[PDB]
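Visitor: Each chain, letter by letter, is given below.
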Amino acid sequence: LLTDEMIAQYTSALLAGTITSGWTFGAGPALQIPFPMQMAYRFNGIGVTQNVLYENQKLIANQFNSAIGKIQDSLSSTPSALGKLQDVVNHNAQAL
Amino acid sequence: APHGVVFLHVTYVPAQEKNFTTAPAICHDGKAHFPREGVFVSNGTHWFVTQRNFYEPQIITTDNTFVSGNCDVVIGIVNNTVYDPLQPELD
Ligand SMILES: *[C@@H]1O[C@H](CO)[C@@H](O[C@@H]2O[C@H](CO)[C@@H](O)[C@H](O)[C@H]2NC(C)=O)[C@H](O)[C@H]1NC(C)=O
Ligand SMILES: *[C@@H]1O[C@H](CO)[C@@H](O[C@@H]2O[C@H](CO)[C@@H](O)[C@H](O)[C@H]2NC(C)=O)[C@H](O)[C@H]1NC(C)=O
Ligand SMILES: *[C@@H]1O[C@H](CO)[C@@H](O)[C@H](O)[C@H]1NC(C)=O
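Chains as they are written, first to last, in the UniProt record's numbering: chain Y, 864 to 959; chain S, 1056 to 1146.
Keep in mind the hints are simulated off the structure, nothing from the lab. Don't take each hint at face value.
Claimed, not checked - Cβ-Cβ distance ranges computed for the label pairs, FRET-style:
#  : chain 1 : residue 1 : chain 2 : residue 2 : range
1  : S       : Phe1062   : Y       : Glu918    : 41 to 49 Å
2  : Y       : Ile909    : S       : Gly1131   : 46 to 54 Å
3  : S       : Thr1076   : Y       : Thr912    : 46 to 54 Å
4  : S       : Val1128   : Y       : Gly946    : 21 to 29 Å
5  : S       : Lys1073   : Y       : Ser943    : 49 to 57 Å
6  : Y       : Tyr904    : S       : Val1061   : 32 to 40 Å
7  : Y       : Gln957    : S       : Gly1131   : 26 to 34 Å
8  : Y       : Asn919    : S       : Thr1100   : 43 to 51 Å
9  : S       : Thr1076   : Y       : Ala871    : 30 to 38 Å
10 : S       : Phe1075   : Y       : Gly889    : 49 to 57 Å
11 : S       : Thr1100   : Y       : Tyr904    : 48 to 56 Å
12 : S       : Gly1131   : Y       : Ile882    : 37 to 45 Å
13 : Y       : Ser943    : S       : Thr1116   : 55 to 63 Å
14 : S       : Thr1076   : Y       : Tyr904    : 45 to 53 Å
Said to hold, decoys possible - Quick partial rundown of chain Y residues pointing at chain S, CB under 8 Å, derived from the structure:
#  : residue
15 : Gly885
16 : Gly889
17 : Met900
Where is the CB? At the ideal position from N, CA and C, for every residue including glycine.
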């Protein structure tokens, strides 16, 4: 029913909401808040005071970026991570 | 219910939102004051500290904020004053 160009729109909407309004968009109206002030809320949630984030803001940012890059190289190598999605396809064909 | 159960969930939802100017911390005398359980807001001229889920502004005090280091490291530091509610009793 849903073409592959609509699921992309759904995920894009979810990403934009979660990076521009925090978690407040899932429980009512969306209320904007700066991202470095949202990561402080998350840090306070896990049990670390917020003043840790700001005084170490820049460094943290770098770490995050690096991690993302590694993913882009991790999926291409080790050609067995997507097996959970691959097997399904194969299974159906086999049956037919 | 016949062959089943029904739940009535009672929940709480924010209704009317207003939107202000915000800052991460306040520098007073070379010291950065961070909120304890709130967030700094500004209505245009004055600065208050508010709980995150309901607009209830209050005066910034030393009992309401905690100090950590100096105000040379944080990015969006701003300039303001803190009451320190002991002067009237001192006199
Ligand atoms: C922002 O909030 C401040 C704090 O209440 C307002 O300043 C007060 O305004 C009232 C209304 O004129 C005065 O009676 C008070 O004397 C003011 N307080 C002080 C310390 O002077 C301010 O008006 C608000 N800003 C706007 C645009 O309404
Ligand atoms: C907050 O206060 C600090 C300290 O007074 C300000 O930093 C000084 O700003 C003056 C300009 O008025 C410079 O001449 C000084 O060299 C600065 N450093 C000092 C005094 O150590 C800072 O600009 C203020 N923040 C504002 C006004 O947004
Ligand atoms: C928040 O401020 C912006 C600034 O332009 C304004 O467009 C918007 O309507 C404000 N939000 C509310 C709920 O008034």
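Visitor: Looking only at beta-carbon atoms, does the pair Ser943/Y, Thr1116/S fall within the given range of 55 to 63 Å?
Guide: 59 Å, holds
Visitor: Could you tell me whether the CB distance from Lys1073/S to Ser943/Y stays inside 49 to 57 Å?
Guide: About 53 Å separates the Cβ atoms of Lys1073/S and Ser943/Y, which means 49 to 57 Å holds.
Visitor: Using the C-beta atoms of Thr1076/S and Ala871/Y, is the stated range 30 to 38 Å upheld?
Guide: 36 Å, holds
Visitor: Hint says 45 to 53 Å; check whether the CB-CB distance for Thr1076/S and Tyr904/Y agrees.
Guide: Given range 45 to 53 Å: violated, Cβ gap about 18 Å.
Visitor: Is 43 to 51 Å respected by the C-beta to C-beta distance linking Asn919/Y and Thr1100/S?
Guide: Hint violated: Cβ distance 33 Å, outside 43 to 51 Å.
Visitor: Range hint 37 to 45 Å: satisfied by the CB atoms of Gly1131/S and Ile882/Y?
Guide: Violated - the Cβ-Cβ distance for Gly1131/S and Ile882/Y, about 19 Å, lies outside 37 to 45 Å.
Visitor: Could you say whether the range 46 to 54 Å given as a hint is met by the Cβ separation of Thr1076/S and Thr912/Y?
Guide: 24 Å, violated
Visitor: 21 to 29 Å was suggested as the range; check whether the CB atoms of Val1128/S and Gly946/Y agree with it.
Guide: 47 Å, violated
Visitor: Does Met900/Y hold up as a contact with chain S if the rule is Cβ-Cβ below 8 Å?
Guide: Holds - the Cβ of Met900/Y comes within 8 Å of chain S, reaching about 6 Å at its closest.
Visitor: Do the numbers back the hint for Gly885/Y, that is, is its least Cβ distance to chain S under 8 Å?
Guide: 10 Å, violated
Visitor: Does 41 to 49 Å hold as the CB distance between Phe1062/S and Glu918/Y, or does it fail?
Guide: 46 Å, holds
Visitor: Quick one: are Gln957/Y and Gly1131/S within 26 to 34 Å, going by C-beta?
Guide: 59 Å, violated
Hint violations for this structure: numbers 2, 3, 4, 7, 8, 10, 11, 12, 14, 15, 16, all remaining hints satisfied.
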